[PDB]
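Peer 1: Okay, here's what each chain looks like letter by letter:
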Amino acid sequence: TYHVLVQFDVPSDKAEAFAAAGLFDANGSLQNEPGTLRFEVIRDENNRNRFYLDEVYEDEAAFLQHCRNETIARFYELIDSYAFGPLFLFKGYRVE
Amino acid sequence: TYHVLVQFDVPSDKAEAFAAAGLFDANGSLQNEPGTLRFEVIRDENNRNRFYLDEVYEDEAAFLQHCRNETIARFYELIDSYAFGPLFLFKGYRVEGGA
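Protein chains in written order, with the deposited numbering: chain B, 2 to 97; chain A, 2 to 100.
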């Protein structure tokens, strides 16, 4: 499996809005993309502005397909006015 | 849930030894620790030396329990001579209720 960790920063008063947008992305991607296997939104325990998306795909091609799909485009429409990112913390493969 | 992302760097000739140690840590923690819910070893797609541990716990207390248990202690005994880390990339809480 192909694991992609993404980091975003948002104004503190936009944190709840970002989290909703992240779950919108997760909901739509998991449901409609056969290559998208897991998609979690994580809030930093102390940094008031920082969130992480922990994404799992069958392979890199599935991630590139996600990048070309409608849900991620809808996600960016929601956050574009205020968010900073994506910053890719890593892309890698699971050691099974 | 409480999510912890850990990063390690190892010399190239110790990458297989690190993976074996990480697989021991993941299987030993998941099998024996009721608060340890998920534990994945991930190798960077290009960086030959870099590994990540993606750990999920019931709450912060369960991570701190993991930290005081015997599985992690043997993991560090296996990797001490060659590894660089842990570097904590993040600790955080999952936003719940999604599909």
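If you're looking for bench data, these hints aren't it; they were derived computationally from the structure. Some clues are possibly wrong.
Claimed, not checked - Which chain A residues face chain B? A few, computed with CB under 7 Å, are given here:
{"id": "1", "residue": "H4"}
{"id": "2", "residue": "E17"}
{"id": "3", "residue": "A18"}
{"id": "4", "residue": "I43"}
{"id": "5", "residue": "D45"}
{"id": "6", "residue": "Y53"}
{"id": "7", "residue": "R69"}
{"id": "8", "residue": "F85"}
{"id": "9", "residue": "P87"}
{"id": "10", "residue": "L90"}
{"id": "11", "residue": "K92"}
{"id": "12", "residue": "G93"}
{"id": "13", "residue": "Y94"}
{"id": "14", "residue": "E97"}
{"id": "15", "residue": "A100"}
Said to hold, decoys possible - Pulled a few chain A residues facing chain B out of the computed Cβ check, cut under 10 Å:
{"id": "16", "residue": "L38"}
{"id": "17", "residue": "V42"}
{"id": "18", "residue": "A62"}
{"id": "19", "residue": "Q66"}
Virtual Cβ for every residue (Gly too), placed ideally from N, Cα, C.
Peer 1: Compare the structure with each hint and give your call.
Peer 2: For each hint, the structure was consulted:
{"no.": "1", "hint": "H4", "result": "5 Å, holds"}
{"no.": "2", "hint": "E17", "result": "10 Å, violated"}
{"no.": "3", "hint": "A18", "result": "12 Å, violated"}
{"no.": "4", "hint": "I43", "result": "4 Å, holds"}
{"no.": "5", "hint": "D45", "result": "5 Å, holds"}
{"no.": "6", "hint": "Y53", "result": "6 Å, holds"}
{"no.": "7", "hint": "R69", "result": "19 Å, violated"}
{"no.": "8", "hint": "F85", "result": "16 Å, violated"}
{"no.": "9", "hint": "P87", "result": "15 Å, violated"}
{"no.": "10", "hint": "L90", "result": "6 Å, holds"}
{"no.": "11", "hint": "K92", "result": "5 Å, holds"}
{"no.": "12", "hint": "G93", "result": "4 Å, holds"}
{"no.": "13", "hint": "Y94", "result": "6 Å, holds"}
{"no.": "14", "hint": "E97", "result": "9 Å, violated"}
{"no.": "15", "hint": "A100", "result": "5 Å, holds"}
{"no.": "16", "hint": "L38", "result": "12 Å, violated"}
{"no.": "17", "hint": "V42", "result": "4 Å, holds"}
{"no.": "18", "hint": "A62", "result": "13 Å, violated"}
{"no.": "19", "hint": "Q66", "result": "17 Å, violated"}
The structure fails hints 2, 3, 7, 8, 9, 14, 16, 18 and 19 (numbered hints given earlier, in ascending order).
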